[PDB]
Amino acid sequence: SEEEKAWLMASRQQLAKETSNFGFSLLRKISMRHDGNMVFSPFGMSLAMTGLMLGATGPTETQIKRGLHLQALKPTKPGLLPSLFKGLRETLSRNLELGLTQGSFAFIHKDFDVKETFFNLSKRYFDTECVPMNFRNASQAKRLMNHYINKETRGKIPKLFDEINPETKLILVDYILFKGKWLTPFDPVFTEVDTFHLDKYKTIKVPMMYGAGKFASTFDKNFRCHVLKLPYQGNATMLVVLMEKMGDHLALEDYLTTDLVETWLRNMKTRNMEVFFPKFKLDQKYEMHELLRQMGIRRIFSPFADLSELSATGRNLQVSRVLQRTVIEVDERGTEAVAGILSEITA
């Protein structure tokens, strides 16, 4: 029993490490087509793809696991991966100071017969709530789904859905909601508009927060970047990476790995210092269909997709669309961030 716990712990460490690397690979892909602000949830994406794997089988499923950097996760047991997210969800749900909740919906077309084993496993691992839905009534379907997601994101993602493919048989939606409070809040009195350099030539004036206190930081001589920890309550933290130099310099995304991140954490020093950190609000959405194919996840989006763990009869289903939308607000009290990820399954 003690050995099962140690082993499940090693497996969870591996899942986390690989999900971080998946995240960095995906950021890199997103940054090929987007030159501005970016934000998304690596955790949410892996959780969403793992949800889909319950419906998939054979090479369709295995290619998803490779794409998630989860090839040869230390065990080869049935349900191992979703059981890891379940175990991870139950522990993260217990730390009340963390402020992290998650959940899952399955919106199912009213005439589409689904395998009960699918419902059983989804409920077991992701506590998925099943909501029958008429997808041939576009505006009704849009409103109902949006209400559900609006409620569970506490209004931070009011309209995840716009267009409704009338051939949709199932939409899986995962959400993650994080409300973190800073361990050392910024006092709003000291927040003033200051200069932020957009590039070597242009500046703009932005609300800039002041923090004073013990903070962990380090300077990476090689990238010429400062790396700073901004901890929250309940053992979460934001890592901020700031390049000193703007110009022809290195795309950090090309070198971001867990090895590098661990090098920075290994070399952190704590000291009294002042931090000036801007307020910000992002709201980014990405169709992931094509990026994921760029990471080798392909069969699930093709007419070869095997999603016969899903249909009571007949798999001629595929995933037409995977969309994530993420909002984040940073201010003197903390950070609130919400991610909603949808996968649409069509005949």
Contents of the next structure:
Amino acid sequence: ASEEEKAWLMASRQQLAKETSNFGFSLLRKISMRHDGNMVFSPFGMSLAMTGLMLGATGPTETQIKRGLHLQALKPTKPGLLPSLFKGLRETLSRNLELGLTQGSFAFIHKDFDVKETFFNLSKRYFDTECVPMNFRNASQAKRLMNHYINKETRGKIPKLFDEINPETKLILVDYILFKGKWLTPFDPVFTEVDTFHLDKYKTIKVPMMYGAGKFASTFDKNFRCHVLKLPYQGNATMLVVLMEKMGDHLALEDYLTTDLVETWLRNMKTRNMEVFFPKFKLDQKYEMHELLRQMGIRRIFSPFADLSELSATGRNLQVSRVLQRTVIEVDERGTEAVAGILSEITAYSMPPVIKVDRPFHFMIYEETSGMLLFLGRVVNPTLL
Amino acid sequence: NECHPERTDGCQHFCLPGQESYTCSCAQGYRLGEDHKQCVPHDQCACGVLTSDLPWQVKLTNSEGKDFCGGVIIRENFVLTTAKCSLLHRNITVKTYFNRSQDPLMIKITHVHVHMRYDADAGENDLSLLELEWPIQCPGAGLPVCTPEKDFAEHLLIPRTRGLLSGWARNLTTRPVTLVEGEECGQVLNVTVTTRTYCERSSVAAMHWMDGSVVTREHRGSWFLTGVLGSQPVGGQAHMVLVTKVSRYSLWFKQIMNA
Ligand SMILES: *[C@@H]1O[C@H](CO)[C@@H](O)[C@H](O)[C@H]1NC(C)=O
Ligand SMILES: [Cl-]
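Form deposited without the partner chain done, so how does the form solved in complex with the partner chain look?
Entire complex below, previous chain first.
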């Protein structure tokens, strides 16, 4: 790249992160209309995957995607600088051996359509989306083959992504992402015990509860009445845990979740020696994203009126049929061998501060340099997926 | 230490578990008693009190004098209605007949607060709060209906107790209603029921009521708002009613109505 172009790229990193987290919070509010329970997806993975579809789209088909992802304010000198933004960021996530992240995407395209190699190579090289021709007319075979590809790339952790295939299918976009991190200060499994968890004010369940002692950053929003706790990972990533005060509605906060709100929390953080009680959990969630994306203004591409003619010249009638994301997140005690910090003594009038996550909570996993929101989630019951 | 939904010997209104005990709390304008369980009316605007039309029911009236929607009082100086209703006319006047015939109380609406996540297309979050120029004189001029906390509504009121759908004739009329789960209701109404709406079975078509009508439920001598009636599917002729799930808007109520 040129001098001014390299300038544009790094300058646009913050802006891309901010917009993608607002895209994320908007998509969260859509998902919440259909689901009350456990919830996790990846704003980054979705934006990466959908931005890949712009390579083939022209006109409103393309423009709506760009607006829907909150990316319209980015004006690059060359169109290809936006994909290079995504290429740089995902490669840095990859290079982090310390970060236990697995991510990828597929574009399963009906065999009628002659996929141009420009799209084919650029989608792989920039977004690592693999275009794979498929015969959907033989639906049961397409199901087995597609599931094979995802099986391979996830090393068996997602063995059968697909349950059903419409033989009328034109294009299916799949984004998968799996993560289990290592904490910067680990929990001691000797102190992990079965504690009560309030599914709600009238319903309790027993769950494994991890115990952590040392220096942690946190803050308390006096307006919304919620605690925000930073749990840093190895590999330059952090989980923010958002815990509403006891008589409050965790679901209610989602309407106010903005990039700006999170930033206000982050700069009001104070670090102190304290105790953290936090449940072990695993989430595995898949969503049909295309209808949710429609409600965020990404419409033409999921219609017969889509223009992906650049993606392939062959006709009748190239649109996207489905867009899937499946997200797997696991949390346990494991971390790097940090030395344990000293808590303050227990006196007659006080003991160390404590945040006890024994009721439903939200979490956000951020990459630290960029601020990119890799995971946005909600745990209402840690004993199920 | 746990809040027992199966029993009647615990809190009267709301409950909160933890420790090895449970802290009871009350609805709007009620004092927590000496026994830490009962809720006694304290303020003049003690919510949800009936006697022997309805203290909380109001009509929305336009500049020409035409009534177009219904609404329910939820605070001394605030009425809740649908967003569609609040956006139909620029100058809206709330009116009530409670404790008045040819002389209803008129009150001008100084501000309109459409929900921040209202979307006309999808029909999500179709509510608005209307601030009154002058507060209602409780209890003689009127009374607000209680707004329940989330879990209380969704585990104690709606699934267990029979409800009352009350409002103004579309062209006060009250009928009992009961809960129908989303899977069934979606197929009857040919829609997808969201987490912020739910369905009531009705012995009469939905078009019987005006937009802005409400479902209420009694509990230990107090009436709680659980639903608001807005845009009905399939013409509003079906014997099920799709209402907005009020229990999910408690934070919005506070954020707006506390200024
Ligand atoms: C009606 O309002 C009058 C005047 O404020 C009040 O004195 C009276 O108690 C009310 N009557 C009833 C039956 O609500
Ligand atoms: Cl889904």
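Rigid core here is just the name for the largest C-alpha set that superposes within 1.5 Å across the two forms. Numbering follows the first chain given and starts at 1.
Trainee: Let me spell it out: fit the two forms on their rigid core, measure each listed C-alpha, and pick the one of 256, 92, 241, 212 that moves 2 Å or more between the two forms. Which is it?
Mentor: Single hit from the list, 92.
Trainee: Is the C-alpha displacement of residue 231 equal to or greater than 2 Å between the two forms once the rigid core has been superposed?
Mentor: It does not reach a 2 Å shift.
Trainee: Taking the rigid core as the superposition reference, indicate whether the CA of residue 15 shifts 2 angstroms or more between the two forms.
Mentor: It does not, since the residue 15 C-alpha is displaced less than 2 Å between the two forms after the core fit.
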